[PDB]
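One protein chain is absent from this view; the other protein chains keep their places.
Letters A, B and C name the chains as they come in the text, with residue numbers starting at 1 for each one.
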Amino acid sequence: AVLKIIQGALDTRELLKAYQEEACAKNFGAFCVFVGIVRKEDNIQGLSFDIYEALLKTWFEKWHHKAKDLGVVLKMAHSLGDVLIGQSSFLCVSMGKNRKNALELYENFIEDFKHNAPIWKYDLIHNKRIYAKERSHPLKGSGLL
Amino acid sequence: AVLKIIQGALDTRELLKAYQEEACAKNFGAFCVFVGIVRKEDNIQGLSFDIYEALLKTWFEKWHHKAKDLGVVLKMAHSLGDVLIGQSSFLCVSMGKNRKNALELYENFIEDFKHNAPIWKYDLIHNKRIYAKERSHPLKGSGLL
Amino acid sequence: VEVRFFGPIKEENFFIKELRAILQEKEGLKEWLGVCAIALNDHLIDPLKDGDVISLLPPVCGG
Partner (left out) sequence: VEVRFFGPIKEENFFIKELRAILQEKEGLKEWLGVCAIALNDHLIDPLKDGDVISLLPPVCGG
């Protein structure tokens, strides 16, 4: 599938293998991967995510199709719920025949994703979720009301 | 090691696993990978590479240390000799605490690499190497004599 | 209309310019209306009809 929403930590080994096999089956020459890994900050146990799935799907589908028009396959996976320290919460791949478009979409996608994907992050501390307000990004049209 | 020169095709599975383990052991949160895969063009059997190893080492060591100053681990591996269609010939990783510097070095490195790494590429056709003149990039100070 | 609250917002979804004023009087929302974007039927806006669902989206941080 183009967008994968996974409960808990991503199986990056399995995802990376599948993506590469696709790269080879499509005779691709360039393969760009990003993996977001939960790191230990202070003494958190990990992170937790909420996802607006319907909007995430449509938002991402526009990026997937913009990529396809340029000969690039763009796919992603993201965790839902708890992800512990050392585990992966987000992964994306941009691959194609040539490195130039693949690398450009990769950069552009990741930046857009950070600021616009409808996903909410919480620090896991003491088995409690603390919303990460200071680090968060207002969506377009914030403060409408 | 920081730079790996491998005879033949890269074992990307093994390299990616090792790099990720390092990412986790260093408590990194961002992991960027590029893999250059030999694709079938026309009816070539694959590609072959010559490497100026001493100069490649020093050239790359400057990039590794520029990366380190920014909190980013930058490593690479590249094939020497024959690499068949479907096999990987080049791999690099840029990883660190934060995505911003890791992604910037990744972009900048790959572009510099394409134009400046002392490596020569040949198409493998009929068991013969054909130099890829049209696609190649003159080094700084070309035509000195 | 239905009103749904995503992410950190505590309020439970319910079924009650005249949408603004009513949400502006719920105190569990004073923290939020200044920074929330709005989706009408899963589409961000910046008209109304029966069964319309309106979603409040606080600042995001995927990755």
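We adopt the following convention: contacts are C-beta pairs under 8 Å (C-beta built on N, C-alpha and C of every residue); 3 or more make two chains touch, one makes a residue touch a chain.
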Chain not shown, touching residues in subunit B: 36, 49-50, 52, 54-55, 58, 78, 89-90, 113-122, 131-133, 135-145
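Here is the rule we go by: only the chains that are shown with their structure count from here on.
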Whole-Å separation of chain centres (CA-atom averages), subunit B against subunit C: 48
Multi-chain contact sites of subunit A, meaning residues that touch two or more partners: 36, 114
Multi-chain contact residues (two or more partners), subunit C: 63
